[PDB]
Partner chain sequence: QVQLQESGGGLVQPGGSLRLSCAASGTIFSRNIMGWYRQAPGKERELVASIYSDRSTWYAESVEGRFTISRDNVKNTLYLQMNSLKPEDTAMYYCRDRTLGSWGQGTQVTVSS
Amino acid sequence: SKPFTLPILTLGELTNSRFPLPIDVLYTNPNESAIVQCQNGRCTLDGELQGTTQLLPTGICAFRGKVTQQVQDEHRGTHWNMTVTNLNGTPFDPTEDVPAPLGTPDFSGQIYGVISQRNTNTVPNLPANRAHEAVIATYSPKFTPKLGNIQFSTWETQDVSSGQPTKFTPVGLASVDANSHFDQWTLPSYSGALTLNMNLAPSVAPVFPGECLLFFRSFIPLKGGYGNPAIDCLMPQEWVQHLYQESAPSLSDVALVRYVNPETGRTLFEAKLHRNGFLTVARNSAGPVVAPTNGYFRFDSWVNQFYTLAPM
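Let's have the structure for this sequence by itself, in the form solved in complex with the partner chain.
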């Protein structure tokens, strides 16, 4: 059997797996614990991808398809209907054992990004292009990636073509106010109000008391308004890619990992790397973890559930 290992990346060399953002700090939250069941950045330790997790960093919260038509409405803004496919270009098959097309956002909110188009037809001999700011509401009833059809809005009121290859590039969030409906741990309704979600990645929770989830925290930009929103992933995208590569069989339900300062070789704190792909620590405090960014996680050994984590 192939020996299990982690990639040797420092905290400043990691990216979020739920949004295309760099990892800023480590984060715990024993208080106000919610049901953690994200779908992006989900990978078991033996290299099995779960939920809507895919390998491309540019595929996270991304969409590719064609704009069908302009939605006529008297409400503010200009809404456009868009059929979505797989990221590679192939049509999305809803009979597949996936909650949504891979890369689909796994939280409620207004995703702020850029819609770009490149025409299929050529005019005497280059295709025309266009790109505008756009917002995608994942809480909307029109947000149905499972049915291969979502809907986005623009400030532009005309310059969007129909039947042309469309790409969505995630930038951040439009707003985090009351009516914005931004909740990090609230899964979107992939099929809308039609039916409930299926083929989801399993929920995540610490088993032993006194232990809490250890998150990789990234701060996400805002189009406007007040706030300092953040996105927490279970594992960075580099870990997802690495675990998929080695495909090492898990010997235990929990693996002990150590956050080591490479300059002095010191172990700052311990952590439990669980089989399904998440970290737990024995910490009482909350908020950001004070630790050098040049520090990295190192796999120590597989352990039984008799082992107790060091106080953090």
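Residue numbers count along the first chain shown, from 1. If you superpose the two forms and keep the largest set of C-alpha atoms that fall within 1.5 Å, you have the rigid core. What changes on going to the form deposited without the partner chain:
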Contents of the next structure:
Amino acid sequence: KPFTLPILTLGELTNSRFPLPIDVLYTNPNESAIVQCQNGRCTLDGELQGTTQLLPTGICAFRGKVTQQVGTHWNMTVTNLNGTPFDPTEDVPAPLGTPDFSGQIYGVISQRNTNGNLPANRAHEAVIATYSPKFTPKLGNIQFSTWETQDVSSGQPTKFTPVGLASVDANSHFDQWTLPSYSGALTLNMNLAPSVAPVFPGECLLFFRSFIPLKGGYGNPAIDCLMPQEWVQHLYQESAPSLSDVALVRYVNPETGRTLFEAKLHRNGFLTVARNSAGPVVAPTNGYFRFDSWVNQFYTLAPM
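Alt. form deposited without the partner chain, vs. the form solved in complex with the partner chain above:
Left out here are the partners and the other molecules; the chain alone remains.
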């Protein structure tokens, strides 16, 4: 079965690490951080990795039940997103969909009670600090804080809908490449999707970049993913055999018929380009990646 990518312009793609449209392609070769995100991870022959799952609604989402009050702070057991209890001995870093970066994630906590035969509801703005010692999703529990002081119910089905970040100021510890400690101070992270990096000189990672909303303060924060969620979904469906080390892809302008640049799409599921500057790829809005052929890692990319 021949390898393919979907035909989707940037304006038809969504981020696999936060529920956002893709805004621009981006490079940053001088990144000192280890790039090891856990959402948006899928091999080219369709094996999901890390905490990656298929639902766009599941990215940075939580499902569970509030246990007690602990701003105002609440402790919440978390389940798998399909509602089944999370088993910490499972070979994953955390429940699929769990956020994969350090920050104050802002969204809405909503509840619908279990008990005219209609259940009561409530929803409030909420923040989840993924760097907190109480962020322990691999152990089945997290904490969130509200501005709201009282109306959060214990023992009732609870949903977190992510919206953006609370802040990116100094005390908010936003670093998109710093993983949460999924088990807290008690054990190191496990079963992680591996770190990604170019292996040959002159190459750097290529990202699909989204700008993420802020509840307040100053900033223009972004979230960079290795592959958009539609590619994850497509690869999972197709499960095409990987025939060599790298899928050579070309970014093409369908209006002019010209190739704008080429990239290596590595088997583990990430892109490199021959570039040594940081910043946006300035490209026409109609452009998209097309699979050309399988090559090995020794292929030399033309400079973009």
